[PDB]
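> Single-letter residue listing:
Protein chains: 2
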Amino acid sequence: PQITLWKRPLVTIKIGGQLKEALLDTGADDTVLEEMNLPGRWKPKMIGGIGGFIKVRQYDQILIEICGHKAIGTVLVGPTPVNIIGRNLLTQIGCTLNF
Amino acid sequence: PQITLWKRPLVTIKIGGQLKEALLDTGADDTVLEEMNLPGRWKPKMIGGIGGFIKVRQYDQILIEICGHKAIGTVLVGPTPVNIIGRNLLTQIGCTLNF
Ligand SMILES: CC(C)CN(C[C@@H](O)[C@H](Cc1cc(F)cc(F)c1)NC(=O)O[C@H]1CO[C@H]2OCC[C@H]21)S(=O)(=O)c1ccc2c(c1)CC[C@H]2O
Numbered sequence: 001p002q003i004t005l006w007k008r009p010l011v012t013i014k015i016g017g018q019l020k021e022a023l024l025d026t027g028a029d030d031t032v033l034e035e036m037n038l039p040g041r042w043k044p045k046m047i048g049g050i051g052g053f054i055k056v057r058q059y060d061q062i063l064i065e066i067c068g069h070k071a072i073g074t075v076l077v078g079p080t081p082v083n084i085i086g087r088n089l090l091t092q093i094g095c096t097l098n099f
Numbered sequence: 001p002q003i004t005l006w007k008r009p010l011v012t013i014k015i016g017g018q019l020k021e022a023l024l025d026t027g028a029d030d031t032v033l034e035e036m037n038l039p040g041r042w043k044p045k046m047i048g049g050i051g052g053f054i055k056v057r058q059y060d061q062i063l064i065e066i067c068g069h070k071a072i073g074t075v076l077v078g079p080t081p082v083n084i085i086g087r088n089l090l091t092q093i094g095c096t097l098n099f
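Just so you know, the sequences run in chain order A and B. Going by PDB author numbering, 22 is the number at position 22 of the first sequence; the sequence numbering is gapless. Going by PDB author numbering, 21 is the number at position 21 of the second sequence; the sequence numbering is gapless.
Next comes chain A alone, as it looks inside the complex:
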């Protein structure tokens, strides 16, 4: 699906049996999701942004179905204001910018 940018590029995702809305973010290198109980082992990590840094839990090899397209990659979980799908997963579904 071609998505215009007149509105926030929000998509429906399926992760860990839960349905959520996430922002397709080309400015994010990786994926970070609001707090949730994702299964598996994880190791603490720190991510930075415009306002500073937040503490996140790094889960690897996590399945996510973004708008019906499946991808497996690292998923960070922490106090992010919004769910954002980063380039680590956008590349798997074949997402591209076009102008």
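Keep in mind that a hint or two might mislead.
Any copy will do: because identical chains look the same in the list, a pair fits if it lies in one copy or spans two.
25 Å max Cα-Cα, derived SDA-like pairs, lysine to any residue [what the hints assert, rightly or not]: (1) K55 x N83; (2) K7 x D60; (3) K55 x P44; (4) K55 x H69; (5) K7 x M46; (6) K7 x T91; (7) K70 x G52; (8) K55 x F99; (9) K55 x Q2; (10) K7 x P39; (11) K45 x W6; (12) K7 x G94; (13) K14 x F99; (14) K43 x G94; (15) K55 x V82; (16) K7 x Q58; (17) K45 x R8; (18) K43 x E65; (19) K7 x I93; (20) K7 x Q61; (21) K20 x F99; (22) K70 x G51; (23) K70 x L38; (24) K45 x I84; (25) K45 x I15; (26) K43 x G78; (27) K7 x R57; (28) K70 x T96; (29) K14 x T4.
Think of the hints as simulated: they come from the structure by calculation, not from any bench.
Given chain A, put chain B with the ligand in place with the hints provided.
Leaving out everything else, chain B with the ligand in the frame of chain A:
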């Protein structure tokens, strides 16, 4: 030009006669640039992101040529870690997400 997301979608911009590199960010509503000397009147503002908020100076009706595409819109200037082109300007140059 079609841009894949295996690398950061960085583009060359020209603003205020200055050459810089900026990130095409579909997850950003507006444009924020690292500290620079932009001509004109400005109004204080606050923007929030991952980690908190920063104080920026709001310049309106600023010309930017993104990869050869010209646009005029609000440009924020403050302590952002990276230059980010937001949807306010991505829509003017006809940027669309595709997967
Ligand atoms: C989260 C989204 C919804 C909103 N953000 C856009 C996001 O793309 C951002 C871009 C960035 C920021 C940065 F500090 C350094 C960078 F290298 C890149 N990346 C991000 O936080 O991603 C994280 C996960 O991956 C990691 O890699 C990159 C950083 C880490 S924002 O910046 O909070 C924001 C909010 C309000 C406004 C604007 C911007 C513009 C004016 C106003 O409208």
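> At most 25 Å between CA atoms: does that hold for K14 and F99 within a copy, between copies, both, or neither?
between (29 Å within a copy, 17 Å between copies)
> At most 25 Å between CA atoms: does that hold for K7 and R57 within a copy, between copies, both, or neither?
So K7 and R57 pass the 25 Å test across copies only (24 Å; inside, 30 Å).
> For the identical chains here, do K14 and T4 meet the 25 Å Cα criterion within one copy, between copies, both, or neither?
both (22 Å within a copy, 24 Å between copies)
> Can you tell me if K70 and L38 fall within 25 Å by alpha carbon in one copy, between copies, both or neither?
within (17 Å within a copy, 44 Å between copies)
> State whether the alpha carbon distance between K7 and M46 is at most 25 Å within one copy, between copies, both, or neither.
Close across copies (21 Å), not inside one copy (29 Å); limit 25 Å.
> When Cα atoms must be at most 25 Å apart, do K7 and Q61 count as within-copy, between-copy, both, or neither?
between (30 Å within a copy, 20 Å between copies)
> For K43 vs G78, is the C-alpha pair at or below 25 Å within one copy, between two copies, both, or neither?
Intra 12 Å, inter 33 Å, cutoff 25 Å: intra-copy only.
> Quick one: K7 to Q58, C-alpha cut-off 25 Å, is that within a copy, between copies, both, or neither?
between (29 Å within a copy, 21 Å between copies)
> I want to check one pair: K55 and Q2. Are their C-alpha atoms no more than 25 Å apart within a copy, between two copies, both, or neither?
Classified as neither; 34 Å inside a copy, 34 Å across copies.
> For the identical chains here, do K43 and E65 meet the 25 Å Cα criterion within one copy, between copies, both, or neither?
within (23 Å within a copy, 42 Å between copies)
> Please work out whether the CA atoms of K45 and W6 approach to 25 Å or closer within one copy, between two copies, in both situations, or in neither?
between (33 Å within a copy, 22 Å between copies)
> Regarding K55 and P44, is the shortest C-alpha distance of 25 Å or less found within a copy, between copies, in both, or in neither?
within (7 Å within a copy, 29 Å between copies)
Taken one by one, the earlier hints fail for this structure at numbers 4, 7, 8, 9, 10, 14 and 22, listed in ascending order.
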